[PDB]
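As a starting point, one isolated chain is supplied in C-alpha cells, in the form deposited in one PDB entry.
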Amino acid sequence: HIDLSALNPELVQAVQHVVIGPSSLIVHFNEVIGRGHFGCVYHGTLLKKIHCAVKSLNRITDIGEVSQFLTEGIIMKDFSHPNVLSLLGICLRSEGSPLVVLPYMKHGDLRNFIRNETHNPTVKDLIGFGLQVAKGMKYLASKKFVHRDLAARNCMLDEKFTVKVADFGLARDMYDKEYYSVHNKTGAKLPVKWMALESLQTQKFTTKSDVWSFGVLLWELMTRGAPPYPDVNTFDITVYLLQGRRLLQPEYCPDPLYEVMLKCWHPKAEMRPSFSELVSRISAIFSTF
C-alpha cells in the first residue's frame, strides 16, 4: 500500500495532476502485451471507453524506490509532441504500486515492426520512421531531457503509423533483457551497445550521447532490426570503439545516410550533430525518395 502522506508533498501535487480513479480504469490482467523488469504491460480500458496500455510497477515494492521513480518520471506529463509518447495518467489504488496508464500503440515497438517479414518496409519507409524519431528527440532535447535508452525497441508505432519515442519517464523499463549488460563501470544493467564511448568511460549521459544512440537506431532501421555488433562481446565494446571502429554501412542504406550515422558516432561529443541538424539532414535525404 502506497501512502501519499509518506510521499514528498511536492511529488504528491505533481502526481495529483494526472491521477485516474480506480473506477475509471478497467485492466485485463490476463492480457499481457509487454514485459518489463518493473512489471508487465496489460490491455486496459479508460473511461467514453478508450483502449489503453497499463504498465505495472508492482515489482517495485519499496516505497522509497517507487517515490524516486515517480519523481524522475512525472515530468513526462509536461511533454506534448506527436513523436513523443504521452502519459494518460496514474491510477493509485488500495493495494499495489501505482499503475501507469499509457496510450495503446496498435503496431507495437518499432524493432519488431520492421523485423516482421510480412511488413517488408521499404528504404523510404524506414528513413521516414527515422525522421519521425529525430523530430521527437529534437523536442525532448529542446526540453533539456536526456533519454539515455534510445533504440528501435524503445520506439512505438500507433494506429496511424506515427512513431513515438518511448521508454522514458514513467514508461521507463527494460523491455528486452537480452540487450542490457552489467559489463560496464556501473555494474548495473545498461544498453552498452547503444551507448556513446564517453558514457561507457565516464558513466555520464547527455543529449550528445542520445545522438550517438540515434545513430545506432538509424543503423537498426536500415538493417530492418539486425542486432548491432553481433560479433563483438559486451566485454569488448569499449575498446572496439576506442580503436575507432564503428557499425558498417547497411546494404540498403544510402551513402549520405551512412555519413549521418558516422557523424553521430564522432568520438568528440561536441563534434556530433544536434537533433535539429539531424532533422534537416534526414528530411533532405528522405525527400529524394
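Residue numbers count along the first chain shown, from 1. Think of the rigid core as the biggest set of C-alphas that the two forms share within 1.5 Å after superposition. Only residues modelled in both forms are compared. Compared with the form deposited in another entry:
- Core-superposed comparison between the two forms: among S142, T186, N116, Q201, the single residue whose C-alpha moves by 2 Å or more is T186.
- After superposition on the rigid core, displacement of the C-alpha of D236 between the two forms stays below 2 Å.
- A movement of the C-alpha atom of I60 reaching 2 angstroms or beyond is seen between the two forms when the two forms are aligned on their rigid core.
- For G128, the Cα coordinates differ by under 2 angstroms between the two forms after the core has been superposed.
- Core-based superposition between the two forms shows that the consecutive residues, three or more at a time, whose C-alphas shift by 2 angstroms or more lie in 4 to 15, 59 to 74, 183 to 189.
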Given for the second form:
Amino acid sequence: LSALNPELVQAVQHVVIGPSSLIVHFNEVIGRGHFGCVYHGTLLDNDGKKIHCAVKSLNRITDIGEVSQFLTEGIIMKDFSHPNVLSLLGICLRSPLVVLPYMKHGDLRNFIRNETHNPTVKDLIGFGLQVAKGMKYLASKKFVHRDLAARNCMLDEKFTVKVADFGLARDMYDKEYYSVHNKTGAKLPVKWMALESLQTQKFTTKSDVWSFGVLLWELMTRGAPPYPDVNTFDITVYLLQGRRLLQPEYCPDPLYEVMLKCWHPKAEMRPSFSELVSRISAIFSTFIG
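Switch over from the form deposited in one PDB entry to the form deposited in another entry, please.
The next block holds one chain only.
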C-alpha cells in the first residue's frame, strides 16, 4: 500500500512480479498453511515461456510494518541459491503473493508416505543426503532454519529435494506438530527441537542438526510420526532422562550412529552439515538399490 517506504520499494523492485506476468488459478487450492492458501500459477518469463509455480496468498497481514519486513526478507531470500534449497521466484504486490517454483512431487513426507511409491533404502538415504547439502549451504550463509522436517522439504520432477519453509515461505503446513509455549507464545515443532531449544527457546545451526537427525529417522520409517506414544510436553522429560528415538527396522547401523550424534545433548559435539554430507555420502554409496 501507499504507506511503504519508497527506498525499500526501490530496493525490492527486482523481486517484484507484476500482474501482467503472473497468472494464478485461484479456484483450486493445492496447499494450505496458517499464513495462507497455495495455488498453481504460471509465470511468463523474459522469453514468454510458462514457468510452473506454487503461489501463496498471505492472508494475515494486518499492518504496513509486517509488509516492510516481508519485502526486506524478500530481498535477502532472493539472493539465496542452491540446488537443494527452494528458490523464491518473487512476490506480487499489485493479498500479497509469494511465488515459488512448483514442486511436482510435493513435500518429502507425503512422497515417502504414499503407498504407490517404493523408494529404496538407498533412495531414502539419498533424499537425506540432499537435505544435508542444502542445510550445508544455509549454514554457510549463517542462516538458521528452525523448522527442518520432512514436511518442509519438497521434491521436484527430477527427485531433487529442496529444503523449504523458510523466509517468505515460512508457515505451519501441518499444525498438528506445533505447540505454543506457556510463557512466550512462539509456535514450536517440539518433537523436532533440540534439548536446549525446548529448555531455553534458543535456536542455532546445531539445533538444525538435531532436527536433521529426526528427519533421517522420518526417512527410515517412511514418514512415521516421531515419539507416537510420548505426549507433546512430556518430550523434554523423555529426552532429559537420556532416551532417544529407537533405530528403525530398516535403518542401517552406521546411519543410526549418525542420528544419535545429531542428538548429542551438547550442541557443540553434534556434527556439522559438512561432516553429515561427507559421512552420509559414504553410507549412501554402500547400497545397491
